[PDB]
Amino acid sequence: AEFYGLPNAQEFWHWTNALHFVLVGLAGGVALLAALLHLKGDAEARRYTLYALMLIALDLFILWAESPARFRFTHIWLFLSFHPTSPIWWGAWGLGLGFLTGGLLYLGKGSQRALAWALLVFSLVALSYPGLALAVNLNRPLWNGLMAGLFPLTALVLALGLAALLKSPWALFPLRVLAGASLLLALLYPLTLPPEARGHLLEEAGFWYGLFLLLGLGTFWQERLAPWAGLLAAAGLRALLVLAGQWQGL
Amino acid sequence: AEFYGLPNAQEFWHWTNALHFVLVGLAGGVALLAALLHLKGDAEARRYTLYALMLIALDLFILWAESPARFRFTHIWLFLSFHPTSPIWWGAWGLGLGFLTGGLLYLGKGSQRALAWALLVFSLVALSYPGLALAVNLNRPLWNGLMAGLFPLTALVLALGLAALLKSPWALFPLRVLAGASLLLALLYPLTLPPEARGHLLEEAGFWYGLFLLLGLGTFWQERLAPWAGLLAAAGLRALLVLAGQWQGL
Amino acid sequence: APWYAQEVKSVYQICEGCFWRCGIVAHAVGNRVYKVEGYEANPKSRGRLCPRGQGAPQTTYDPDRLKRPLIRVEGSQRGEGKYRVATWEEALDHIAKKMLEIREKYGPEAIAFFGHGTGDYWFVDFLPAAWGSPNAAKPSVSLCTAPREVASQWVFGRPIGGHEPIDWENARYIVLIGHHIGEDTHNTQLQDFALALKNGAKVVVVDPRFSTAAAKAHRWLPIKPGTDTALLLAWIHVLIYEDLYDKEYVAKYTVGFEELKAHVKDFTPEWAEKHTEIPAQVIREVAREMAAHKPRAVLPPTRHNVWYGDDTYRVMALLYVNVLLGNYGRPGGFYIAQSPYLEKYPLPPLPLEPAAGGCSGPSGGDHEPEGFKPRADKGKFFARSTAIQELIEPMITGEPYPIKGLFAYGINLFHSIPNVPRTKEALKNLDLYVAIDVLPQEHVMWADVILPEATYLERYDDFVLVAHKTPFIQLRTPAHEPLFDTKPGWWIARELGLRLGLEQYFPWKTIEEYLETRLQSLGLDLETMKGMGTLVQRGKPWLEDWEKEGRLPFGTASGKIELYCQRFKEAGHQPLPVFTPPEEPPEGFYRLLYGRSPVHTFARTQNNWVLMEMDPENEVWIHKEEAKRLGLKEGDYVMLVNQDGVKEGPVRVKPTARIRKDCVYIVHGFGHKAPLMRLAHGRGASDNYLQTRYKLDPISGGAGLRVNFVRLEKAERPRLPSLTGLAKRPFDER
Amino acid sequence: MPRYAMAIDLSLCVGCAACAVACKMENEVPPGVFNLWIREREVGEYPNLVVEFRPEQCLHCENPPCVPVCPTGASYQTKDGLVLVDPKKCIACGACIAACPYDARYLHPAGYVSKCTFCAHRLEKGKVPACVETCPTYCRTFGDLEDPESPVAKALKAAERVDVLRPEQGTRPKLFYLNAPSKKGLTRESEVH
Amino acid sequence: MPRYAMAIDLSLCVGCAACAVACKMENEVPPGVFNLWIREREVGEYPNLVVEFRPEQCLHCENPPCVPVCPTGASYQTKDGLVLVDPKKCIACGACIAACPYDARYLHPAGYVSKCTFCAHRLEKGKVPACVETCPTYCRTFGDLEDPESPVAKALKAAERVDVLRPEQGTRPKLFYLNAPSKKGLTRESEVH
Ligand SMILES: Nc1nc2c(c(=O)[nH]1)N[C@H]1C(S)=C(S)[C@@H](COP(=O)(O)OP(=O)(O)OC[C@H]3O[C@@H](n4cnc5c(=O)[nH]c(N)nc54)[C@H](O)[C@@H]3O)O[C@H]1N2
Ligand SMILES: Nc1nc2c(c(=O)[nH]1)N[C@H]1C(S)=C(S)[C@@H](COP(=O)(O)OP(=O)(O)OC[C@H]3O[C@@H](n4cnc5c(=O)[nH]c(N)nc54)[C@H](O)[C@@H]3O)O[C@H]1N2
Ligand SMILES: Oc1c(Cl)c(Cl)c(Cl)c(Cl)c1Cl
Ligand SMILES: Oc1c(Cl)c(Cl)c(Cl)c(Cl)c1Cl
Ligand code: SF4
Ligand code: SF4
Ligand code: SF4
Ligand code: SF4
Ligand code: SF4
Ligand code: SF4
Ligand code: SF4
Ligand code: SF4
Ligand code: SF4
Ligand SMILES: [Mo]
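Chains as they are written, first to last, in the authors' numbering: chain G, 1 to 250; chain C, 2 to 251; chain A, 30 to 763; chain B, 1 to 193; chain F, 1 to 193.
The hints are simulated quantities; they were obtained by calculation from the structure and are not laboratory data.
Heads up, the beta-carbon is just placed ideally off N, CA and C, and yes, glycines get one too.
One thing to keep in mind: the hints can contain errors.
To be verified - Cut-off 35 Å, straight-line C-alpha distance, at most; resulting in silico cross-link-like pairs (DSBU-like, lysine-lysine):
no.	chain 1	residue 1	chain 2	residue 2
1	A	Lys303	A	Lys127
2	A	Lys577	A	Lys653
3	F	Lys184	B	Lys127
4	F	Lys79	B	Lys79
5	A	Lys96	A	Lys559
6	F	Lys79	A	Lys231
7	F	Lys157	A	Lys303
8	B	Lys79	B	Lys154
9	F	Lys183	F	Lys24
10	A	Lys38	A	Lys433
11	A	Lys253	A	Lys559
12	B	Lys184	F	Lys79
13	A	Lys498	A	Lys126
14	B	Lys184	F	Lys88
15	F	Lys24	B	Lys154
16	F	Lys79	B	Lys154
Unchecked claim - Just so you have them, the derived chain A footprint on chain B, three or more residues with Cβ under 8 Å:
no.	region
17	8-16
18	20-26
19	59-67
20	132-145
What the hints assert, rightly or not - Quick look at which bits of chain C chain B covers, simulated, 3 or more residues with Cβ under 8 Å:
no.	region
21	72-85
22	212-218
23	223-230
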């Protein structure tokens, strides 16, 4: 209760790493739309493959931009070591090989639709890694097992929300299906925590939490409210869980 | 290491109950289908309501036929008290009221959209309570937070898989979206566990688990294998987590 | 539904759980004792009870418990299990008729009487002498306590007794040699040991195994087996040569202390460490520490002492150390135990009377010209106690005359006497073999006539007298009447006694008649005795109380420290030089050590569902590194094969270290081959079936058991019935 | 008004299941189940060999996870700190078994769930529990935690160390272990192999 | 090949912060961050007041959650049991800070993660850490756990009790608190509120 000096219990991932969390949701989700649109033969497979390349690249820039290690150029090691136990490592390659693969697909060469299978795999790695980068830390009570489920569900709500605003006919229905799955797990999450972890969550966020749950109920009303309301709900929850879970707490 | 007598650490939920677990998934998810159908004003809303009623009846019958207190007639207390903190209490009231609500819908009595929204809410209570009946036991390392995510999504793969065998046209696409979600979260599940618990899941199960993960992949292949494969993966996964997670273990 | 909400009837009752005989209250509701409890005034239980005492009542409500007399179908072999129900009248006639025939062509000494438990007074002490056979014995003498009783009779003039006289509450330093307290679960001594620990009593344990008592010790000396006398001699040497002993005490109460100092000249902590394997510094430190605490430092003598053939020497040496510390009769470790006064029931002297020997000719003087035929083991060892294991040979060869006919009153022939094959040959050759018991054990079903005894809760027994700081008398009253066709042992004895001309012995027509006579003597009657279950009398415990009166206790007027002028003379040696290096296990083998499970009594509790459910099997203790070289792990099973090829049913392996690499350990009493005791049948390994050989103590009739070696052979897990299934069979008093 | 508890001295416990058998008898606990059992574990090699004997049974947790999870209201916590079951409401759903972190409860064959009762039947008539009365070593103590005179209160006051099983669940057990034999505390299966 | 460890005898720690200041001077740890800090907590009420002075720092866990989590490989565990950071490969992502259960890790203002180092720089020249060196109360010891002549080894042997922070986690902390002042062990915030 009293200290000489202080434990390094200060926030470590700030509002900027909460912003990247939201974009890699999009980047991975859209890369999934793209490969599926390929595999399916759809005329739109190209439009969505060059978007995913921008979203992926925007994120990888925000990832280096927000790193205090940027002008020390140490990221080359992210690609010169084998580290399968590391969620973040898996996301470096998943977004890196996912980029090349999406390049060799947009420049119609190298190979076709055997390459959409590789894009599908790399997009699943990119959709999976954040969720596990949090849940892997078993010392953080709030970042429980549900993060591994709440993040991939929420990244597809982001990708389908975007897709539906760029008026693609197919996007609304699956966005309202994954948004229902997303919102129901988000409601059950608090009931899954131990009492002190939940109490911490409701005093720190919550309103904010119960706001984004309410806001998300807007995907099931009108259009041009729908993709917006589900999009703000998915990014709300994503950013708030990264911000409120950096607690170690007893 | 050695005992005089023994701790009561034996399986408390049998193959019998695991069956109840697969069934309440079906029951709840078909009651969601009937609710959403009445809500679109679609013609099939009537027989889906009969089915959700049948599966609700079949599930309450085996919840009672498998109870050691089946002839002591004490289930009446489930209904004469208020226990909001208990998943099984929520489950009893959701199904129960969901069976009256769906009873009046079938008999065109006591209103009809206001009864379809009710069926919607009670079918969300029934889809939600199983994963929480597991997940609230923070002493059991395998029943972590993801159980609150794995159980609702898997109950949907069961209902939609059934709807598609009955040849309803709308469902073979949602079945593939929801089966992709369920299999992705099911694959990341073991990676969400402390080492010793993952090692325990792998020793005791897995090979069954890994077989259920492969199986479910056939939901994206041949048209009429797709619902069987999706049904068996979702039911195998639910029963395996129920039997393998009854461990306190240090 | 609960028993305590239902109407109850209590009674003051003794526990027959084991021979400690704790005073208990039994709570019955109708014909069934639901609960039993210790009681405060009783000096043994004082309100508490061990596990065996608590579970002891279920044998009375065991569906396999013996109910009717039975006689062996004519023409069927003993062993084969063919019987036909009989009447008490018919079975009792058949026994007397047969007994009388053996007596007309052989004499009455051709009938051996083996027995144990409370009613052994009738079968082993009374009936045999009233009938005229000196061949009466109990396993608690040559298979337990003989070495120390003999050592004690020679050194002090007293026994150590059934309630060993240790003043635990004032003890300050305690040395346990093989004495496992906490596994050996005798009530009061558990209580006392626990109270000593509690008050800051530091305990040293000497044992090749890290036992429960060692788990509570300040020092554990992992001694090489069969080597304790070298450690005792070297401690005797340190207290004499470093001049730490109690000088006065030896000067006023000790004879021949000088012979001991010279004997022990070369037995130094360095000579000891060589055989003992305990470092010489440790040997020294332990003797100094105990000298620093006198007279409140004690080496209490253990109860089971047959370990090796030399045994009386080890105990003598342990007693010298206690004497040298000045603790006997002083508060610290030995109070002086006097027997209570309850006058015997008036009767004519018995044809044969006993000789509680110790000095000046207690061997065979009365056995040579004195009337007609001495106990059949008369020339085999020095001491005068009857040895159960030596009178078995006479039944096979007819050597020392012939013993046809044998009685087994509650004594496990196949688990308590070594060399089971030899005992079976001996039953083969008998003309009559009767067994009085409750359960259908493997040795009861080899009998011509089985008589079902009534259990301790459905029975009255002659009083239980306990020599103690404050001597006392206990009385057990039925909690309810016998079940089925069951009869008390006092009744069975009297009924046989009237049939063989012994009416002058057995005159009284009933046990309460008998009990009223002894209560007259003391100043009470039956109803008042039932009122205060136990009776405490005044006695003495120190030396002052004795001394001020101008007397001392002993044997001959001064404890003789080397300890016995008449053995010297005609036997050979007086002192305990027989540290006698022990024969070692052959390579590939281990010494077989054995002991108690806190929850099971000897062998008789293996069919008890309340107790088997706490401990359903034994487990072989091997050092972690040996089980590893062998290819054995945690849940494996194994057969134990002894140096003579005998294999003992599959036992679980227990690779956890708390034992030397020289040894292996298993709890005694498992391995029953008795199909009718449905939950004890086929479980664990029997130590006795592996104890094929034994080294006869030439001084105290004892059969050294720790002389057997065993090796382990990988075996399959056993397939056995479900214990819960069997335990659930309802008890029907028909 | 009291807050009921139990204290067991492990420095004195020798693992003779006396308490376990006394409870079996006093409470008529059927064959395949147990309200009380003893666990025995060794720790270490030759020159530092410790053995821990440990009775385990309902700890009558102050914050019992085994109560909120019950659908009927059969599972309840008393005003003095006893966790009990009203068999009249019990549906034998096993929710309380899933929730107890100590393997303290079982399905009794009569159709309802059972477990250590702190001998409520004896407590009500002013007696001490069966385990507490039959105990050669005098290592268990019982009483009102709030009364400075009660035997548990005294026992805790005189203890060198106090431990509780799985303290990190947050159940607040009311069965205290005194003076554990091992320096590192109560033994766990995880600190083995 | 040895197993490096630190032991702190809390019966002697007075929480003066000498070790903490000796560390800051030696490793020139920058303002605002700490390799080592002291935590002081009272467990209360008059006749029974207890104060725990507890220095905290990297425990150099034997099974460190901060190593596996690193994408770069800059977080490595050494052959003798030191967890160190090679700043050449560090991308300052914080994954290790997220996985550290003890708050022992910080972002150095020079753009890489830092934390106590077991004074690696001194261990190679054959010296004892700076905090161990300055300690006025002689309460902290160090050495190879496997060498029984080690000051850690001898102290662990002499301790009345040995504890570790969050044992329930996977880690196997190699910083041992010896004689904890409160009977219930090391103080926790949940045990207050
Ligand atoms: N191999 C080996 N032998 C030993 C020992 C050992 O450790 N190993 N220990 C030795 C020692 S120390 C002792 S003291 C003795 C004890 O030896 P025993 O007393 O012979 O041992 P138990 O195995 O209990 O056998 C008791 C027999 O009496 C029966 N019985 C029990 N209660 C009653 C009753 O009320 N009435 C009647 N009629 N019968 C009853 C039981 O069914 C069983 O047949 O054994 C000794 N023998
Ligand atoms: N639970 C229970 N308790 C009982 C009984 C029972 O049947 N059940 N029976 C009672 C009776 S009658 C008796 S006789 C006793 C038996 O019990 P004890 O009288 O205590 O027997 P001991 O043979 O002294 O002790 C057994 C210990 O002796 C050890 N030992 C073996 N060889 C040697 C050696 O060479 N040197 C040393 N120092 N130790 C050695 C073994 O390792 C074991 O740890 O217990 C009594 N109490
Ligand atoms: O979900 C339930 C479960 Cl698992 C059980 Cl065991 C019971 Cl009894 C009931 Cl009623 C429900 Cl709803
Ligand atoms: O996902 C990432 C996160 Cl969260 C950080 Cl902080 C960094 Cl530096 C990088 Cl490279 C990736 Cl990929
Ligand atoms: S010591 Fe135990 S088993 Fe023996 S008589 Fe006493 S209570 Fe019964
Ligand atoms: S009765 Fe006493 S010694 Fe026996 S298990 Fe219980 S607490 Fe331990
Ligand atoms: S099994 Fe009985 S006591 Fe337990 S939660 Fe169910 S109804 Fe309640
Ligand atoms: S010990 Fe078991 S029964 Fe008692 S409160 Fe805790 S979880 Fe409930
Ligand atoms: S307190 Fe009651 S329930 Fe607990 S062990 Fe004792 S008798 Fe059994
Ligand atoms: S030198 Fe000792 S007392 Fe001072 S802060 Fe460091 S550990 Fe604490
Ligand atoms: S901050 Fe540096 S040491 Fe820590 S995980 Fe990232 S790259 Fe590894
Ligand atoms: S205490 Fe934390 S930072 Fe230090 S080695 Fe252990 S897990 Fe890593
Ligand atoms: S070992 Fe070195 S770096 Fe660690 S706290 Fe001590 S002085 Fe600081
Ligand atoms: Mo004995």
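Query raised in the report: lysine 498 of chain A and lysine 126 of chain A: Cα distance at most 35 Å?
Result: violated, 47 Å
**Report entry** Proposed proximity, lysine 154 of chain B with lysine 79 of chain B (alpha carbon, max 35 Å)
**Finding:** holds, 22 Å
**Report entry** Given pair status - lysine 127 of chain A, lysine 303 of chain A, alpha carbons within 35 Å
**Finding:** Distance of about 59 Å is beyond 35 Å: violated.
Requested in this report: Take the region 20-26 of chain B, compare each residue's beta carbon with every beta carbon of chain A, and decide whether three or more fall closer than 8 Å.
Outcome: holds (count 6)
Query - Distance restraint between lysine 184 of chain B and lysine 88 of chain F, which requires alpha-carbon spacing of 35 Å or less - result: Roughly 39 Å separates the two Cα atoms, so the pair is violated.
Query raised in the report: Are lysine 24 of chain F and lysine 154 of chain B close enough, with their CA atoms no more than 35 Å apart?
Result: At roughly 46 Å apart (the allowed maximum being 35 Å), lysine 154 of chain B and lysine 24 of chain F break the hint.
**Report entry** chain B over the region 223-230 of chain C, status - at least 3 residues with CB closer than 8 Å
**Finding:** That given contact is violated, which follows from only 0 residues of the region 223-230 of chain C lying within Cβ reach (below 8 Å) of chain B.
Query raised in the report: Holds or violated: are the alpha carbons of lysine 183 of chain F and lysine 24 of chain F at most 35 Å from each other?
Result: holds, 33 Å
Query raised in the report: Is the hinted pair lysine 79 of chain F and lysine 231 of chain A satisfied, with a Cα-Cα distance of at most 35 Å?
Result: Violated: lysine 79 of chain F and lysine 231 of chain A sit about 44 Å apart, past 35 Å.
Requested in this report: Below or equal to 35 Å on CA atoms is what counts here, so check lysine 79 of chain F against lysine 154 of chain B.
Outcome: Since the Cα atoms of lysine 79 of chain F and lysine 154 of chain B sit roughly 49 Å apart, the hinted pair is violated (cutoff 35 Å).
Query raised in the report: Under the criterion that the straight-line Cα-Cα distance not exceed 35 Å, is the pair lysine 253 of chain A, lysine 559 of chain A satisfied?
Result: Violated. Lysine 253 of chain A to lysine 559 of chain A sits at ~51 Å, over the 35 Å cutoff.
Report task. Take the C-alpha atoms of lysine 38 of chain A and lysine 433 of chain A, compute the straight-line distance between them, and say whether it is at most 35 Å. Result -> Roughly 46 Å between the alpha carbons, so the hint for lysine 38 of chain A and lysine 433 of chain A is violated.
Checked against the numbered hints above, the structure breaks hints 1, 2, 4, 6, 10, 11, 13, 14, 15, 16, 19, 22 and 23 and satisfies the rest.
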